[PDB]
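Visitor: Please model the complete structure; the sequences and the hints are all you need to start from.
Single-letter residue listing:
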Amino acid sequence: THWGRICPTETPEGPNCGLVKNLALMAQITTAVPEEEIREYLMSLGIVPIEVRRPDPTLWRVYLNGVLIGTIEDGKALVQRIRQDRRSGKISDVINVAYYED
Amino acid sequence: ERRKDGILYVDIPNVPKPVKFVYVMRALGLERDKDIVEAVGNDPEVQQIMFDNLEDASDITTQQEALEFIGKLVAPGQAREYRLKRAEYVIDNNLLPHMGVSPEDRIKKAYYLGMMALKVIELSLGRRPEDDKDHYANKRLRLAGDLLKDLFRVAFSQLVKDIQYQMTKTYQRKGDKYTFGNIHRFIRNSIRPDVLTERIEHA
Amino acid sequence: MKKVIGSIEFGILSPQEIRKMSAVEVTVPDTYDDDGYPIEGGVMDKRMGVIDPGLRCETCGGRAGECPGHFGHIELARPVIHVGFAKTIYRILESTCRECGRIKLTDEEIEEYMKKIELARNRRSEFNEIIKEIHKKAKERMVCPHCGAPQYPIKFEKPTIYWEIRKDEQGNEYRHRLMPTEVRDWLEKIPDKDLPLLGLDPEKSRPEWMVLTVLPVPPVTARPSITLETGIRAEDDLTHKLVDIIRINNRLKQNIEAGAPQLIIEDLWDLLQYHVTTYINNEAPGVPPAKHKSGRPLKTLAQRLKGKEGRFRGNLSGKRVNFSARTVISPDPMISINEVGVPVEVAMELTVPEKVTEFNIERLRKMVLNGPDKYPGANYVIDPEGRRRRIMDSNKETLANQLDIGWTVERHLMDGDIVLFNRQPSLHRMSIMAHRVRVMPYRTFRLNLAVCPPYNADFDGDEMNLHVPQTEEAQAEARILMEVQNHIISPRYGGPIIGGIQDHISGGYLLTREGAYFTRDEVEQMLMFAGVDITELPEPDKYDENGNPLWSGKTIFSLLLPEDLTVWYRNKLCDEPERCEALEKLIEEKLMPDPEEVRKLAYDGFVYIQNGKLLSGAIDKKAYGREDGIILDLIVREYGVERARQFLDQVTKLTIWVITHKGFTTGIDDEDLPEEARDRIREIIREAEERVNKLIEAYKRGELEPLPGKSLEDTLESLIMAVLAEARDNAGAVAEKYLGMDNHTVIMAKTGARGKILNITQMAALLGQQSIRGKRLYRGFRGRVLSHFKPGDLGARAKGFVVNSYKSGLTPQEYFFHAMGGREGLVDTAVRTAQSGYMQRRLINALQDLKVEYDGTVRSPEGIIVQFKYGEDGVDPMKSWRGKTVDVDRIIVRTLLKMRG
Ligand SMILES: [Mg+2]
Ligand SMILES: [Zn+2]
Ligand SMILES: [Zn+2]
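Line order of the protein sequences matches chains A, B and C.
Last residue of the first sequence? That's 102 in the numbering used here, and every number before it is there in order.
Last residue of the second sequence? That's 203 in the numbering used here, and every number before it is there in order.
Last residue of the third sequence? That's 901 in the numbering used here, and every number before it is there in order.
Don't read these hints as lab results, they were simulated from the structure.
The reader is advised that the hints may include incorrect statements.
Capping the alpha-carbon separation at 16 Å, the derived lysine to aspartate or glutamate pairs in EDC-like fashion look like this [to be verified]:
{"hint": "1", "chain 1": "B", "residue 1": "119", "chain 2": "A", "residue 2": "102"}
{"hint": "2", "chain 1": "C", "residue 1": "193", "chain 2": "C", "residue 2": "111"}
{"hint": "3", "chain 1": "B", "residue 1": "108", "chain 2": "A", "residue 2": "51"}
{"hint": "4", "chain 1": "C", "residue 1": "884", "chain 2": "C", "residue 2": "872"}
{"hint": "5", "chain 1": "B", "residue 1": "119", "chain 2": "A", "residue 2": "56"}
{"hint": "6", "chain 1": "A", "residue 1": "21", "chain 2": "B", "residue 2": "134"}
{"hint": "7", "chain 1": "C", "residue 1": "155", "chain 2": "C", "residue 2": "182"}
Guide: Shown next, in the form of structure tokens:
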């Protein structure tokens, strides 16, 4: 997973080998956007909060920054919509979305 | 954690010893066995696992006495109120503080504890693999901004303590007529910025 | 008049010894006094010795700096239990009768245990085990076998409190505290014969002396007042503790003589006991640490010894020793193997003391006239009385006319002086050797190239240290025991360790290569360059087309070998075993065939030397290489060390000359392959990939047999790795086949001078599978290593198999896989150093005391015999041929040839 983020060759020799790394030339490190705006966005997308429902084998769990915030159906449609909004300029480029079918 | 016997435990940083899982959920206001089971999922094997877990709990604690037990672990103060306050303090400020520190946040922390237990159970049954600690999805970089934020937080806390001490001493050694006569100079003459400057510089 | 301590036996001091050994009875708690003078009867008396300047010791009469100090004693009012012996005292009490004091054991048990102790004396652990067993057996007993009196249980309370649990007339158990006087009375009655079983020696450690009656006082030098920056005489913690001890002792004595109640006497007794315990050990268990005047725990006698930087563990250290230098090293083969080049500036500082005699007076006179600036000069001159003077320029003209027998001159380093040479990390014995100085300009430690292997040094910034021994004994030891000549054969495997490395092999092959001839000019020039003493050229072999004479390389090389050497073997270039078989047949048939017949059957893969004439074969690593140096080993073991040194010093220069003036290089075209070989490699790779895909499909469709050692996936991985390794080997074989011997890189690989066949394979044909910890690459995204492959793919290309050689260039994914492999290699190299160092440290600490006695036995430091006739044959591994005690085959052949010739 270091591909494109950490230089695979530049590293000191000796005890520090591997433990000290250098950023690749294409690497970009992100800052933080206000999280409550993002939470309002996902809530507007149609994710019913966890207070009104419970996780089920036929339901998708949505995590924001690592905390569970609600449940949804057809998570693929949700992530497709979020990506389309991201590259339409509606929201910032800081937002990253991934889904696990397993 | 899930022991080799199948009984779940929670390891709070302040509490010297692990606590049984159902006790911790009941301390957070989630007392119903049905609700405790529901908070972690609906897979029947998981339901049976937690049926075994609550049977191990043996309904010793159902609504209360869980906080009292925790107080027994966390340096009991020999008082009902003392043990209660210690238990609620370590519950609010050491059980998932990122979810909040208000007593209302306990019901929210219950769901996070439930999902963590669900993860442990799924790993126990082999339904999911281990988590790779070197995967960069699980790593973050501490940039200069956040490190400066933490250092400034510490230095500002020190400055606030010095402000309080200086204000108290000046009032107790000068009387009321000076403090409230003109509060501007009273506030201004207690700052001592050198504490902050030297702390940040030496760090 | 100067003797050497042969042994140190430890024991327990007796009060009489402490009384007579000491000089002054300290009674008054007196400090340094306001005028800084020793108060009479104080802790720092003048009989204790003086550290303050400007006064004389009372006892020895020595000024500070020359008085070693003297001991004083304190007369205690009441017995005090020593903290260290408390557990021993408690163990003893539980084993002896309260009335008789003898050991509560039967006579037969005493005899059996005495026999066992006599047998297991030396083994400390077994001795302790026997002592513990006897202690348990005696403590379990209740009725004394001699008196029959009851023995009330003794309870030990840390640190120095003993309770006797007695039963009253009502049967209740009450704890009776044993005062130290009671313990002493109990201990005195123990007879001498019972001490060995009890774990004691009745000549150096008696149980009564464990309880202290007289407390010795260390001398002032042992407890010096370091003073302070303000001038305040900062005292020693021992001094303060002694002051408190004296005060409490006087107080207890005066209250005893005043008829005081028992309670206050007990209070002062316990205060004295606590002070004594904290003075002996301020960190004793169950003892509150006494605080300094600043509130910190005082450093006491125990803390003064159990310190890593103290007397123990601290004296052994590595510090900046005198007369040493350190600088980078550069190569030069123009000096002998036992020589080192020293920069002038270093030589003008590391002086060596030389005593002027009758046969070297003029040389030292010239040197001292040169001053400390001209190179052949001196820096210090010592008169026979002992004063040292700097030559400088003011008195440079004198100190030479007044220099005669008995003086000492610290001259600069000159050619011929002996000098040690070190390289860290120092692993084996050969990391330090003695060289001869040769002063040359610039600033580098020049080192001959044949000496690189034992030092394990490369000229890429490595640094070396040299030390100059000063005394004559050290110089003689370095010259005789540590010279480079004596260490040609390695003690590890019994073969050579000093020899040619890179050019000394390739150039030797070029010189002795079949079909190589040299003109007269080259022959004369190379012979003169090598230093070979010659004055007439041998008969020319073969004439040039235009009429010039020519000489084959074999004869030129044979000019170096001794006149009666004879040997034959097979080198690494043997590729047609039939010719070697024919030559061996002829040689074995005759043992001295006519050299004409050998010429027709000559083959460069079979070295054969007859009476110092090279008749067949070519020089390679097996001649005089780092190991398996057949010829060099033969020279060392048959003609002495000096002949071997001369031979090495000549062959090195000869080979260097021939390679320098004959031309040796390598270009990008050295790994250019014909088109057919490239097609063969491509089809091999494609076939291997197809087989791997077939394996993957068979695994996917459930057609797989899991061997018991592995599951399905592990068996699949094993098969894949085997297939890929075999494919890489086949590609390497093809590439090696299509690469000729005339190629310079192939020469370097084949002769063993540098590199392996695998290097050529990787650089030309195929790089091969990349692995981490013996497994295929797997650490990456979920189900795939990189992000450019379909998830859940197990194909060869997608898990670290790279199909491009270095010449063709790697695709980015292959580059990343190669980076993974290289990173793993670097990590392993980093960690193995520490692991090996730890293991070596353990082994050395375990084994550094064994040595060969004068009767051939090897004895442990405690006297146990470890090995009769070291090595079970008595042969030094260095002197062994290659492990065998005597190579009788070579002896037979050599003697037969010498006497039948
Ligand atoms: Mg190096
Ligand atoms: Zn003296
Ligand atoms: Zn007895």
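Visitor: Run every hint past the structure and note whether it holds.
Guide: Do the hints match the structure? See the list:
no.	hint	in the structure
1	119/B / 102/A	holds (14 Å)
2	193/C / 111/C	holds (12 Å)
3	108/B / 51/A	holds (9 Å)
4	884/C / 872/C	holds (12 Å)
5	119/B / 56/A	holds (15 Å)
6	21/A / 134/B	holds (13 Å)
7	155/C / 182/C	holds (15 Å)
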